[PDB]
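The data below hold one chain only, encoded as structure tokens and taken in the form deposited without the ligand.
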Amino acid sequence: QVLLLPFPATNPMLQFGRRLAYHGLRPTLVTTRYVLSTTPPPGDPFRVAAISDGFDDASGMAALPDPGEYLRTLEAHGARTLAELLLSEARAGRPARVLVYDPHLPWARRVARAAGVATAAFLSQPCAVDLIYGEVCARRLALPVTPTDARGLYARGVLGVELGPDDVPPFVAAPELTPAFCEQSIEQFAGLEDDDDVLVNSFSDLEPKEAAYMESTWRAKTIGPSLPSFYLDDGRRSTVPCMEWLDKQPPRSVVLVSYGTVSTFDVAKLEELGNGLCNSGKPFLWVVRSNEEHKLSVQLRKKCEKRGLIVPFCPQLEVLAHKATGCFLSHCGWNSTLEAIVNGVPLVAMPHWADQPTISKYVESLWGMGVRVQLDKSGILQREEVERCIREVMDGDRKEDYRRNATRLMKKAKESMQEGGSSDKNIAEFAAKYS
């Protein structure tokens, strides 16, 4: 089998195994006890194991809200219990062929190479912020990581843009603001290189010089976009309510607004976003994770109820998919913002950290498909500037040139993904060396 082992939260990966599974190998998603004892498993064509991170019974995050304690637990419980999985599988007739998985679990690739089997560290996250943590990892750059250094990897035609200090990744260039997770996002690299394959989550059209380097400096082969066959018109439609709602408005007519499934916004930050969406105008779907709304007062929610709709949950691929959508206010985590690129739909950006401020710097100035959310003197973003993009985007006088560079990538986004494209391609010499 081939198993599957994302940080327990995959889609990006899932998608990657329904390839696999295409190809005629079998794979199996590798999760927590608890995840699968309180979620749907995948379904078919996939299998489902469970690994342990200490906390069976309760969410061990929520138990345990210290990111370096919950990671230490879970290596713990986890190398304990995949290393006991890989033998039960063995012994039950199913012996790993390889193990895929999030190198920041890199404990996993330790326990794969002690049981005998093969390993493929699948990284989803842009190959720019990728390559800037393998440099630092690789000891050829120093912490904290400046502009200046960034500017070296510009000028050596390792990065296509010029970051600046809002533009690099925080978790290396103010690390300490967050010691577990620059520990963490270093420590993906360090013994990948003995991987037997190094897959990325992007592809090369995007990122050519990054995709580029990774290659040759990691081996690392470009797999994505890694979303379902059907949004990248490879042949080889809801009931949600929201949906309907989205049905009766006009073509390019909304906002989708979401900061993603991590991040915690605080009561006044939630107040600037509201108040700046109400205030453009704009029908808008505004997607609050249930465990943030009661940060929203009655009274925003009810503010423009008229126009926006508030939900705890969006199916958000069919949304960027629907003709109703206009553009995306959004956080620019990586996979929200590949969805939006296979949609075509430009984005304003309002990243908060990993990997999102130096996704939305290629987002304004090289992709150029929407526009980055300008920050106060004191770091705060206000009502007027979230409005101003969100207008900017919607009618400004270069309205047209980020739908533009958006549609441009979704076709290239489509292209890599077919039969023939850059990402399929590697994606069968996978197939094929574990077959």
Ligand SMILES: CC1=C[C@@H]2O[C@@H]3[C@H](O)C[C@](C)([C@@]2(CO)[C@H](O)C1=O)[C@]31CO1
Given for the second form:
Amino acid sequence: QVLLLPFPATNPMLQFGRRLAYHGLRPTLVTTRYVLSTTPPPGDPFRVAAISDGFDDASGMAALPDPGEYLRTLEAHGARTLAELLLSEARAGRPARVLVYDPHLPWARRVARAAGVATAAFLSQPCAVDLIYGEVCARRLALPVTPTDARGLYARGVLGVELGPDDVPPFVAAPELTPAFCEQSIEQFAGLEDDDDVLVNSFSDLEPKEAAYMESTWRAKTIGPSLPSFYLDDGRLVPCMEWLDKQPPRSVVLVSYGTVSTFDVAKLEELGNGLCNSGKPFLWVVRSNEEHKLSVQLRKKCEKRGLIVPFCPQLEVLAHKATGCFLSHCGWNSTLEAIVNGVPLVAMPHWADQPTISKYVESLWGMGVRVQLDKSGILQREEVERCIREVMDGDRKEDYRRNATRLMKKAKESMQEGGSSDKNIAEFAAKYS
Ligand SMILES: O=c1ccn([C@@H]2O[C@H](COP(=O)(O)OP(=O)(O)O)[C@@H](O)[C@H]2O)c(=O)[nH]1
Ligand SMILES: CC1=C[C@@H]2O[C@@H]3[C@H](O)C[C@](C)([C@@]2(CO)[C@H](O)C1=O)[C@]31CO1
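Shown: the form deposited without the ligand; wanted: the form deposited with the ligand bound:
To see the whole picture, the full complex is given below, headed by that same chain.
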């Protein structure tokens, strides 16, 4: 038995689990009783097992808004029900050979360690961000992290790009803005020198200096991109689509800004007018509440070339031949999905890993551009238009496509039989089988 403990609510861990099963391990997804009550189980090859966060009949994420507070409930109950799961499973003849866990849950580690269960930390943020947090946790870097700090890592051949003030990860560049996430980001690495394995959802051709440093400093092994095999061309394992089928090749701007507060739906009006003014066909994901908040006049303007939808099969949209670029907040999973499909990016980072990923996208990978905010931090329609035309029509357009395609090929190769990430996956599985 391999146990998989992602933060409760995933895909990347489960995809790693699917490859463990291919090599003959038996994976179990471990999640809350709530998730398990409500959501359907992953199905074969997975079993599921349930712990508790204190909240078996209601989301405690809702019931406890503050960051610090939810975590303590989850820990208190989770640590205890996890301990019982392990002991139960052991007594049941199904002892856990290894616990793969999100190190945003460092108590997973102590529970497993206490029961003699090997631990494998699963980092699903890019090496470049993980390493900065690590350096802070090891006290080789002092809060706050500054562009100067970053330029030192760059000079030392650890970071492949020079990060400015809008590129450093804000959780440690501006700790005071978000102290709980700051702490948690850094703490992932306290006690990670004790893990039997450390795994990162990236690939080494993507971030070669950063992945080499993570490997030599934390023994981190790249196991990504951890996505469904189909999209990596690996054979060993709806209205918007009908709309995409009618579009010309490489023409559509996929757009996912993410969640917007009431404090700004002016933002969405800027975004939507920018889209209309670009003149490109566009598929814009806006959740239904937020759509009802758009102006009548913006909705009519969007009818001409756009389709607004509450959700889409993002990976399938990105693989469709109609899709020409992705205006994204540049979350990591989203970004790897774009890479693997060879889609240029227009990056609108908000937080967490996004600023740093966006800098990589623009300045090392060369697969798109990042939107420039004004003095007040606002994204204007003119900037949205400009970025779209820059990627889809400008003089550098073929550079963005060529670079994305280059990264798509190395992504696929890394995960195919015999690639760098596939080898790390196979070594990990031979270790526990
Ligand atoms: O309409 C949507 C919005 C998101 N996702 C998926 O949800 C995951 C994470 O979404 P988010 O947009 O927060 O991006 P991340 O921040 O994880 O990169 C990714 O695998 C997306 O493919 C999707 O399939 N359809
Ligand atoms: C309670 C809680 C929710 C968080 O949301 C943001 C993001 O959506 C994922 C997470 C990593 C996040 C979930 O992992 C964080 O770890 C956390 O502790 C977070 C800090 O970056």
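Basically, rigid core = biggest C-alpha set you can superpose within 1.5 Å across the two forms. Numbering follows the first chain given and starts at 1.
**Q** Have a look at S263, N335, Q316, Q184 and give me the residue whose C-alpha moves 2 Å or more between the two forms, with the fit done on the rigid core.
**A** After core superposition, the single residue displaced by 2 Å or more is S263.
**Q** Taking the rigid core as the superposition reference, indicate whether the CA of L296 shifts 2 angstroms or more between the two forms.
**A** Yes; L296 is a residue whose C-alpha shifts (by 2 Å or more) between the two forms when the cores are overlaid.
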